[PDB]
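Novice: The chain contents come next:
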Amino acid sequence: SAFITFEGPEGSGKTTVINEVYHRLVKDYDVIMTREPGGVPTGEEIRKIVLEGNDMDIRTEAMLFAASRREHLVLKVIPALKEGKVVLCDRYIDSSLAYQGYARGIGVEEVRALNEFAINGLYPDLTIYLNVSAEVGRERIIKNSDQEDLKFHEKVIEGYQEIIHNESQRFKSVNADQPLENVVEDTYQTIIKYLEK
Amino acid sequence: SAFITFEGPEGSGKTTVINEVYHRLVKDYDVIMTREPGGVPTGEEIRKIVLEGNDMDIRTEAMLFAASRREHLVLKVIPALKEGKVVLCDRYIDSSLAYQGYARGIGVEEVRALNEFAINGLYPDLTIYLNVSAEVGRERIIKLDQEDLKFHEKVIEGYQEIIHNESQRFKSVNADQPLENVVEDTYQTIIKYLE
Ligand SMILES: Cc1cccc(Oc2cc(S(=O)(=O)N3CCC[C@H](n4cc(C)c(=O)[nH]c4=O)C3)ccc2C(=O)O)c1
Ligand SMILES: Cc1cccc(Oc2cc(S(=O)(=O)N3CCC[C@H](n4cc(C)c(=O)[nH]c4=O)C3)ccc2C(=O)O)c1
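The listed protein sequences derive, respectively, from chains B and A.
Take the first sequence: its letters are residues 2 to 146, 153 to 204, numbered as in the entry's author numbering.
Take the second sequence: its letters are residues 2 to 144, 152 to 203, numbered as in the entry's author numbering.
If you are wondering where the hints come from, they were derived from the structure by calculation, not from laboratory data.
Honestly, I wouldn't trust all of these hints.
[Claimed, not checked] Subject to a maximum C-alpha distance of 25 Å in a straight line, what follows is the list of computed DSS-like cross-link-like pairs (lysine-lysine):
(1) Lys77(A) / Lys49(B)
(2) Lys49(A) / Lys49(B)
(3) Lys86(A) / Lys162(A)
(4) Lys162(B) / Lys86(B)
(5) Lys83(B) / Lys162(B)
(6) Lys200(A) / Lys83(A)
Here chain B stands alone, though its shape is the one from the complex:
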């Protein structure tokens, strides 16, 4: 079994990359792709609270992402891993670290402690980081489309770089500035290398 997560800011081509990689991997592996809340009832109810939030306190928001994360992990991820599957998960702990911890300013360490309570030692075996420059990301969120939104996007990227610097061994950075066909190929090759070894 293997638990692989995908991370990156908006404009990194993430959703498109995970979908294409998943379509290629199913040919050779027993794999599922999911994301939180991923249809788990309590997680879906938590998502409604988050989306209905009127200027929600950032720590309450971080706890709701963590509670949805645990429900999705216990009811969906863990049973698939026990069946020997490869699980591809679109966003996991590192999204809370980059967004809630770094960009929103709670602190990466504090958000990590909250998430360790939620995941109870179940870190990913491998995390693909779709490394898009702030400039390319900005353009992918202009062509397919504010100073405070641009500043937030830059802060999310800065947060992912701090996370990757501190836990390099768990991450594989993929150049997401390339055309999407190349990003897909590099991501697929990185995953097969890990799965075959």
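Starting from the known structure of chain B, arrange chain A with the ligands on it as the hints suggest.
Specialist: Leaving out everything else, chain A with the ligands in the frame of chain B:
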């Protein structure tokens, strides 16, 4: 202003005590009584999840109590304290430590770390622990089965562990006494602190 929490197992007389102490304190202080979620919209929505169906994982439950706790603190407790109020809060961090941490078996240290994330340094100025024996508590509950009795005993064992890592904020009141005495001791403990 003062943030005062009340803790204890079921059958400790906690409801009677808070209400009676509120009626005495209102003569001299601008006092409010509250409990989580306490009417805060997001907290009320979290409470509906906890109550309205699931076999729910104990850690998800602990995180929902902590999220409701933060919403109640930020939208209800902190604004009342800024108005100079004495806030009497029925259950706070120590209930998660005794119930989720100890009795449900997640671990008190794990639950404390989760709750410190939720309260971000806002510990009570004073916490009244209504120290009832399991036997007296069980008699007040009837005024249940083996599983329920053992869980109640485990909650009390949990509070003893928390109160063992004692000092300053915690004030233990003998809740085995008749309720008029528990109320008097609680009121006198609170006035001593406030004055
Ligand atoms: C309970 C729950 C879990 C996941 C999503 C969700 O709801 C949404 C939030 C947004 S978003 O714009 O808030 N944002 C998009 C960028 C990534 C963000 N993110 C993600 C994770 C997993 C995290 O841990 N922290 C964090 O900030 C969320 C956008 C869309 C949705 C939706 O599912 O429709 C609610
Ligand atoms: C979101 C939220 C917060 C508070 C209550 C709530 O909903 C209830 C849960 C129960 S209970 O039987 O689960 N239980 C009763 C004994 C004390 C228990 N307790 C309390 C706290 C504050 C804690 O941190 N941990 C913990 O275990 C809860 C009983 C009644 C209700 C209701 O309000 O109707 C939901």
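Novice: Is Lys77(A) close enough to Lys49(B), meaning Cα to Cα at most 25 Å?
Specialist: Within the cut-off at roughly 22 Å; holds.
Novice: Under the criterion that the straight-line Cα-Cα distance not exceed 25 Å, is the pair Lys83(B), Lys162(B) satisfied?
Specialist: violated, 37 Å
Novice: Going straight from one Cα to the other, do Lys200(A) and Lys83(A) come out at no more than 25 Å?
Specialist: holds, 22 Å
Novice: Below or equal to 25 Å on CA atoms is what counts here, so check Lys49(A) against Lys49(B).
Specialist: holds, 13 Å
Novice: Verify the proposed pairing of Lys162(B) with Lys86(B), using a straight-line Cα cut of 25 Å.
Specialist: violated, 35 Å
Novice: Run the distance test for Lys86(A) versus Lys162(A): straight-line Cα separation, threshold 25 Å.
Specialist: violated, 34 Å
Against the hints set out earlier in the document, violations occur for numbers 3, 4, 5.
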